[PDB]
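K.L.:
This is what each chain is made of:
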Amino acid sequence: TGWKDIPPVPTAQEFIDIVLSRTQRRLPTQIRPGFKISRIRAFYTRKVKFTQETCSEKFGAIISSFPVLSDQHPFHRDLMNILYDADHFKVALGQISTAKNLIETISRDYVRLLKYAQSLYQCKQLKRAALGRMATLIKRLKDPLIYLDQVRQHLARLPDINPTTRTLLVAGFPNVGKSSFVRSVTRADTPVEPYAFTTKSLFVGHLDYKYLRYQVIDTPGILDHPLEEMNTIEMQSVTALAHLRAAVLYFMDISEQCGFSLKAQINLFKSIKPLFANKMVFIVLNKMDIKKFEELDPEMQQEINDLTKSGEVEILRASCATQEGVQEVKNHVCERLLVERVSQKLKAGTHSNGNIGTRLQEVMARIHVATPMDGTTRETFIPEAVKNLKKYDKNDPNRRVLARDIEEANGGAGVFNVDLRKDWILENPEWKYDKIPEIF
Amino acid sequence: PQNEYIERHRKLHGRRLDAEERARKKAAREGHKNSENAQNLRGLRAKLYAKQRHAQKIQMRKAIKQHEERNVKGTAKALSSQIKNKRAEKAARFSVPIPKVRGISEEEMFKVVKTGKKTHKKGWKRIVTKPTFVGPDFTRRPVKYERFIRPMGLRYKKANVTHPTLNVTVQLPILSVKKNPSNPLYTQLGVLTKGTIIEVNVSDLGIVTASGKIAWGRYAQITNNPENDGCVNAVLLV
Amino acid sequence: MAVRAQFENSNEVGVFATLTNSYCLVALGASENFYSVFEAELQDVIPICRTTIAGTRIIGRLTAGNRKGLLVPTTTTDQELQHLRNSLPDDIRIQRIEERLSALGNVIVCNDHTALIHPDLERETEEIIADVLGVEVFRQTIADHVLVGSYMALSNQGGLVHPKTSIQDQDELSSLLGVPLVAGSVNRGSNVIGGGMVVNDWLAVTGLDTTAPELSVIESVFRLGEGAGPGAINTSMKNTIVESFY
Amino acid sequence: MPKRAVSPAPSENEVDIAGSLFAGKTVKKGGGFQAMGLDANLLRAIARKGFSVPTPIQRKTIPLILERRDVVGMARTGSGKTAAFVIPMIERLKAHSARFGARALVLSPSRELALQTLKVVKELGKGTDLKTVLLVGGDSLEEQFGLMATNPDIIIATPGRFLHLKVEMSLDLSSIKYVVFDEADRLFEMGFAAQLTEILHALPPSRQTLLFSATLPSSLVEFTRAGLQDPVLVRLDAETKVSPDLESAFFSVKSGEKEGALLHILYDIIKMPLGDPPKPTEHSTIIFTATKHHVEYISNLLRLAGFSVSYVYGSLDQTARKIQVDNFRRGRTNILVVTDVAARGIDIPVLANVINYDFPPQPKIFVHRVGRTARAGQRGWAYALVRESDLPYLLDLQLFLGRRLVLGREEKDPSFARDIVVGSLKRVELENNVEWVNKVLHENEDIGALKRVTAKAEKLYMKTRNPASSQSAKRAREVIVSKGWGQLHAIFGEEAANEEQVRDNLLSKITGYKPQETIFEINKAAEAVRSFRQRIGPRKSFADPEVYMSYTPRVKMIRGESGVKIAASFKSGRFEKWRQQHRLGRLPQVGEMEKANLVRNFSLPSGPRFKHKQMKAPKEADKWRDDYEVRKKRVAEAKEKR
Amino acid sequence: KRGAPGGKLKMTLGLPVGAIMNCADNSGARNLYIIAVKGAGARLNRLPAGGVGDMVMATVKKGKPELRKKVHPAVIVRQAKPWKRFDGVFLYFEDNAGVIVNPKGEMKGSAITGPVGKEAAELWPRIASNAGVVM
RNA sequence: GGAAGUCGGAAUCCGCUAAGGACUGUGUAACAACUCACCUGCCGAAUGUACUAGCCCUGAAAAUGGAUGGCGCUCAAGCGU
RNA sequence: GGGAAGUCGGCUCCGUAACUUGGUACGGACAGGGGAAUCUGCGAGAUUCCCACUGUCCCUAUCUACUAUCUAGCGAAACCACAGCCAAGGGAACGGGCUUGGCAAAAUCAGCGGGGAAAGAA
RNA sequence: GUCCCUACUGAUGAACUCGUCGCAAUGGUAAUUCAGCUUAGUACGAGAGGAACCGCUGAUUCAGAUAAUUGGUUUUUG
Ligand SMILES: Nc1nc2c(ncn2[C@@H]2O[C@H](COP(=O)(O)OP(=O)(O)OP(=O)(O)O)[C@@H](O)[C@H]2O)c(=O)[nH]1
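Chains as they are written, first to last, in the UniProt record's numbering: chain A, 2 to 441; chain B, 2 to 75, 98 to 261; chain C, 1 to 246; chain D, 1 to 23, 83 to 337, 363 to 606, 615 to 632, 708 to 721, 793 to 880; chain E, 5 to 139.
To be clear, the hints were calculated from the coordinates, so they are not data collected in a lab. There may be inaccurate statements among the hints.
Claimed, not checked - Only pairs whose alpha carbons sit at most 30 Å apart, straight line, appear in this in silico DSBU-like list of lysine-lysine: (1) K543(D) - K112(E); (2) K870(D) - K236(D); (3) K540(D) - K85(E); (4) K112(E) - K854(D); (5) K164(C) - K523(D); (6) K26(B) - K37(A); (7) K271(A) - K593(D).
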């Protein structure tokens, strides 16, 4: 569902201040030398144990709130590795855990020392020593706290990508129209600017196609390099293109108005097809209104066609400024994804044994419509006023009055008093609002 | 929202229409606020505030002096890391299964012999309430000292030993107790008090002697109050 | 037309409403949002009566009727009965019935030609229903659920039945009635169709939690909105139903 | 309130075989009961019941008992423990004794165990005059007085009830010569340990003692060492010896994909048919889990999936337990989900598939659960799901079994029966099943609540489970570092491997990417991050085979019936009050002849014991009441009956 | 979200904490054992109690072993102790009875045996739908 | 990838000078833009940095209602001579 | 008597026929009672509910014992330096009388839950 | 091995002729938390989700009363 529920991670000074303020403010702080040595020992031992407990809770809360990278989906694990340097992330969490254990050991040692203390001064010195040691360990855990707070904030701002749903991954070089298409098909605010790398992260939008919800992932943008010197941005791009089963929309600009050569575009597509091993690939040609496909030399034209003549990569054309083919390309890709998913669900339901699954039986029952055997229908008593009516809209000047508007004018929801006799259809209209006798 | 959305909102719509003026006036009012805080708030909070202000003023004065000088103008960690890395190598890749056990404590022994002996003489148990060093675990003490009980919670085995000339502090095991300058009974019992000579294993330091050998034991003086501080601190006499 | 609405904050519109082809009954409470959505969908074509039965807001699950008649339990007071009589035209016959199963909206489903009842109703109640509603009365258990009024919603165009009803029983019910039937759910997986939806020949009101695929099933089977057609479920919406309710 | 009120009902099943540190005119060795020379009436008792061939438990224990040696027996349920110690009952007693006193005592944890013991006792003592009694809570305590006066020679009892009656009687147990603790493992699990210890103190030193169990917890081992005289410990043949006909596979899967992996292993590998099946079935799969909440969640999820599922957990209603085990033994179900202790309790048929959903803490527990199957030479499959946290336990298992451990596809044809093979599942339909699990959890609220409860239980088990060894942890770290952890498992096909090592190479190249700088570097926070990254930056056969010394081998409080803590010796005097009602004389002292008058007064009913016994007179008839005359007649008849 | 009903008027409470009642639905449970009530106010030495329409937590004392496994929520339907309805009518039922419901307010069973409390039917729409007699 | 003084490492010079840092902050994706350092004009006479000494505020307090003895006292009815 | 708490509680034999004295097949019987109710016309009458154990707790019931305001009459004893309102202060863990303050109005009745009692120290 | 004064809480009261109607120094002092409806599926949000001010209606605890009704109680010994 997200990672916005991770509690804020304090700095070292804030951590020390919180722990010490709690240990002084939630406990009594007046012991006298004239009290029993056992009572003095109990007082100081209680102070040492409280400080440690507050610490272990806040350390355990930190350790348990942050996601564990192993148990996440491969996409999430790889994206977190790209974004936060997973190894150093784990090192920081391990330091938090080791500090927790060391503070626990300090508490046990000083509790035994307070057990065998003999004076109020000695007990005071032992308590001060234990508290100062804990503060020293936190002051050591200064920097990991800063790093973890930054990771927590970034994680709370990260988008929600469900790895296994109906997904449309729009990818390609910068300056091609990826974000333009994303805002055309979804209401996600993806920055659109004339420069090169305006999209510095993965963006998520959503759409509805034949009563189904579809995810659309805008990738930042990939350059034509071998995969070993790619930046973290295009590494997020390739991670999304690698671990997300979906329909890939690879965008190209036939016009060189993007700033990269067509030959390099086909080269990168060939390079990242092994990424696109089975996920369904549609090549979208954009800025046709700047230069359509026909206005191109035929060696490039046959190069594109030879790209088509392999697997099931499909060519479509569109323009994200005139809004010409965006609806058609969306419709086509969503329809093909839907039919593929329905076919694979049917094959999964039809097992080798031949026994029809319970859920497939249920869906067959839900799609089956039963009709009378005789084939005769029933008479329908729909009046004529309904087809003589006008559909209600909240924006028409001379609309219908409506009881909401009447009560809002004559008070509110708890103040308007309804006349239950206003619709009484009697013989004489003046007999309304009459007190009908009940007892005589 | 899914990215730096507050930054996007800033770029698209701006700030509140008087935020710059409010921030400037608050920053200008900060001086009176600081004086009011110094003169009004009271009780451990004023103490923390005063300590913080002292630290800030010292840092600012140091920065000013260093900047004036620079505008006019036109190892112990290493030895400790070497020692720790050697220890990690040995303990990680020369550690082999060995029958590793320990004897029972003098408290357990005393409880057992007390179950054996009904009539408890009043005060027959005196507990040594000072930190001690023992060495072995299941030792039988002479009848001279058999009733001195030294608890596990008070026993110490390692000390933070500082080499002055090779300026570095390392954690080293304690080999023996040579002289407690307060009591011969304490130096017999291994009581660790302030200014107490102990024998420390200095093998990890790699100190070269005159003949060319590595020192395996030196004298170190305990220079803290281990009864008040839950640690033993020694300075090496070299 | 199919519209999504909530009574107060509840998605069960069938509990608080009773829609027929000549009148609508609306539970009375606090605001006028529920009455107002019903009125905006029925702009004085048929009367709408703000009514209470036995001092309750469950009028939808307590009353059963069609355009020819209305039946209310014996617990209904004379004042509420007189309110209903004054509010409704004389072409609709209203009666109180002395049935032990006073949950009339739970024990009776009736279109304008047939009624299907809880098997344990009394004989006298059976002739009373057949006379006032002017329908052929049959006793049947829908999906082994004995409360047909809660687990099926019916109109003269079609009828939507409990999601876990067998195909044989669905076919038998379709033959016995004369309208298409489909096994579907309302309010995002709820089985209480009658309590979660009121439907007449040209209007349906469901809860706000009704999903888009199942709202399209409702519009299709009850022929609400342009072409509709029970058959479109089997032709144009299969992919949707299979992908959504797998 | 009772959401984990006291504890998870199945806690753990600890076992320790280090309890074995306790120590032609001449028919030749026919292994017969007559060959061990039982008396004629006993032999005809066997001839009627129909146990023709002795079970190994009987063959190994009966002669030692006849030699009168203290016995500690290890067997799984259904082996024949109850007959194995009840044949010596009558074989030793041979007759009823007129002298007052009991001679045989059997202690059973629960009433149903006492009842099964009672039937084995009666249909073996058919013919003899021995008196056998049953003492459990809930029975009429006055009837228990009456039976104690009736003087049984054999007493089968629940320890708490027996303790209460002994304290109420001041019984002289010196006449008892035989003591049996039947399932002392469950005795200690239920916590009767103090009661058992003080009962053992009450019994005289001169007795012969048997203790029968499936496992040997450390507490049981200490109890036997403290209370048994030179105990001989017997095993039922080979539980430790893993069957060579067992082929095992281990699947590295994540916590968020456990359910998907289980659905995958059922659907694709085991090829499980769905629906009610048309003596086990052909598929016969058991699923061993950790917690009762895990059992609930998995059983409900599989039932939603459509599988024929039976569940047995620790604190299950006994009638439901019988129903589920009956379905499993008769083949009405194919899935049987148990944690550990329900499986220990129930008698499991021969199985074809064993699935370990939660990896065992002990290799010994693993060996037990896998020796459950692949018996009598039949082939068996054992699939186990392993996480990164369960990996050190897997390596401990590898060391225990002495098997070579292969990762992914390091070998073209690894031996599933001789090697420990670890691999990954097929990602495509694994993700399909994971999506199914996510959808069903998001749709159904009850299963979502079950998932939350079992997640909390899993956290508790992780906190309270016995950790592994340091070397196992280090080897877990190194194998996680190694490539074989993430590779596809061997059972899925070499062609599948072809596509896998075709595609995964640059997927591995993505996974093993080291960023040059984080997003925060792309302020004081940035400076701290940079400094900390800079700090963490990477750091720059000669053995005589014959005689080389190796480092490795080769007032006390007791819980009463009311549940409130009660003093161990609390004579409420209700036995005094008992003979005050019954006007009886002094009870027969141990050794005197039985009193036939006392037996006739309190011996037994005429057979079946009917629970309902409540006689009230009817209410007084009212003239205005309809049935006045008949109610008056009924009242008069009740008055005559008195 | 705590299962505290809204808008409920005062009635005399008839089922306290630690109280055995019948189960009115076909879920397989026979009796319920109220251990806790929702919306209770903790005052010293008072045992909390619930009236018709209040959500409670109960353990199935006898019935289906699947249900005899966990503490289930339940809305109590019938109350033997008399109470007053605002029409001035003091009334009571033959026994004390409730139905298993999820925290949202949806029943595990599919039918209710016996009549339903009017307050419970008004407060929980699902009970009103699965009820056959309402008084 | 982009880094133009201002995400980062190191040097940190010269001209024009009245003076202007290979830059002290705001800012841009990178610029641009503003501002500071420094300089000039108007203004006009004393300022400003650190310390020291008095008096004053803070520099820690629990728990019946109370105590410079009490009232009360402020160019004292307080402090120094 | 009722409520509550905990529980692991609720829901084969006789005769007959062959076989070696005992088993084998066949035929028949077995595997409840009590109380409280509801429904159809006492009715094979039909349907619903409750039956447990406990060295646990509480309440109701019975018995035992002490339990009592005023009036007429009769009529003690214990105990008694003198007294009796508080807060702060009164160096000796000391206040009841002293300092300086709060205050403070005859004579009584009843209730009573505070004070007018306590250490001695290794 | 050491029934009395007073505090508090209520009730009477002499003298100022009896009485009726008042004033108010001083002392005490009281309400509390939650929920539901509307706002509103609104603002906000890619999605999942999702408030608040005014207005309205109930409930917990606390406090002070009251007995029309509804239980309980019976020496009405009816
Ligand atoms: N005329 C025209 N310009 C287009 C079209 N699509 C995109 N652009 C231009 O492309 C630039 C924006 O690119 P985006 O739409 O954000 O696409 P992107 O691939 O994310 O590219 P970057 O902005 O470089 O990250 C602007 O200059 C747009 O005007 C199109 O169909 N027609």
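K.L.:
Evaluate each hint against the coordinates.
P.N.:
Evaluation of the provided hints:
1. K543(D) - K112(E): Satisfied, since the Cα-Cα distance of roughly 28 Å is no more than 30 Å.
2. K870(D) - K236(D): violated (60 Å)
3. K540(D) - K85(E): violated (40 Å)
4. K112(E) - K854(D): Distance ~40 Å between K112(E) and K854(D) Cα, so the pair is violated.
5. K164(C) - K523(D): holds (19 Å)
6. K26(B) - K37(A): violated (56 Å)
7. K271(A) - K593(D): holds (18 Å)
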